[PDB]
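As a starting point, one isolated chain is supplied in structure tokens, in the form deposited in one PDB entry.
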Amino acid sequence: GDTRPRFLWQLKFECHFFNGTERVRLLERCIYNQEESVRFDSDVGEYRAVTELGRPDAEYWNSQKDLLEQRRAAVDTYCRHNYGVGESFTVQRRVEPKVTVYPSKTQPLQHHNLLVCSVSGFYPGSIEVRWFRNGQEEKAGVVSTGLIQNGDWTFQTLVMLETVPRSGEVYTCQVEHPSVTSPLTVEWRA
């Protein structure tokens, strides 16, 4: 059988953007197997070994002026440049979420009613889902499955609300997302 040892090498250039392109930070990092050995942080200005394994590299790369100069300018020529190029289909990409409300198939404790607010197919991942009972927000009894990234530029999430239904009550699920100018609401008529 195939039992040979594996040896992995990863190289990552991370461009972190704050307030659009106002504040930009480049983090270049080398990782041997699962160990990051050396990195170039634009905030530091030079390579720094992360573990003894990376020491020879930080030393050798820092002695190369053309390399260091290129690395120091990448925040502009690399990061800001690629941000400008992809902004229209990434930062500005927007897909409205599909929202539906129905009681959970679970319903553990009897005289109750676990409600489920399903929000799916949206982008970006930033979103706010709230539950309301007669216009007033529900603080307790709210449970979420968390934000799920589908890997296809779409997200989904389930937010439950344990209730003690009273004929005539209106439980509203409110969703605020960059795709809509006004919040989306779906009501459950108890």
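Basically, rigid core = biggest C-alpha set you can superpose within 1.5 Å across the two forms. Positions refer to the first chain, counted from 1. Compared with the form deposited in another entry:
Lining up the core between the two forms shows that one residue from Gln149, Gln136, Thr51, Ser144 moves its Cα 2 Å or more, and that residue is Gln136. For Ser167, a C-alpha deviation of 2 angstroms or more is recorded between the two forms after rigid-core alignment.
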Contents of the next structure:
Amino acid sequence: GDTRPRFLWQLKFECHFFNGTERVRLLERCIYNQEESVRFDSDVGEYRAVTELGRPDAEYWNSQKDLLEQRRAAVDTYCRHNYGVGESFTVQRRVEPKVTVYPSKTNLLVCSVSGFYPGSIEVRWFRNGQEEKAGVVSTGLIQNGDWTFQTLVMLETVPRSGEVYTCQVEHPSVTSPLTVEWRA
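And the form deposited in another entry, for comparison with the form deposited in one PDB entry?
Nothing else is written out below except the one chain.
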């Protein structure tokens, strides 16, 4: 059986954007196994050893004038540049959420909103007028991996016939809050 030890090396170049691209922070990091050894934080301006293993790299790389130069300008040439490149299908991506409520065994009700993007969403549980809050329990936002999200907002319930339970959600895909009524 294969039980040979493993050695992994990861490299990450992170572009963090705040309010459009008004503020941009670039974090370049080197990771050996599961330990970050060295990095370049544009907020710092030079490489910094995160670990003793990484000291040689910080010294070597910071000795390269042309390199620090390119890195210190990467927030523009790399970060802002790539942001613009895909903004139209990423930042401006919007897919309307599919909402459908139904009961479950455990009473217990579940709203279920799926296939939406971005992930910023609000789910409100309504009982014909009011808004329950004590029995509400959420599974939290769930990233499906295919550029869509889904979350399940449940509701503790002691219904009587004629009641009108309704689930409402607001998401950047629609201007007016979606709503789905339940009868029981």
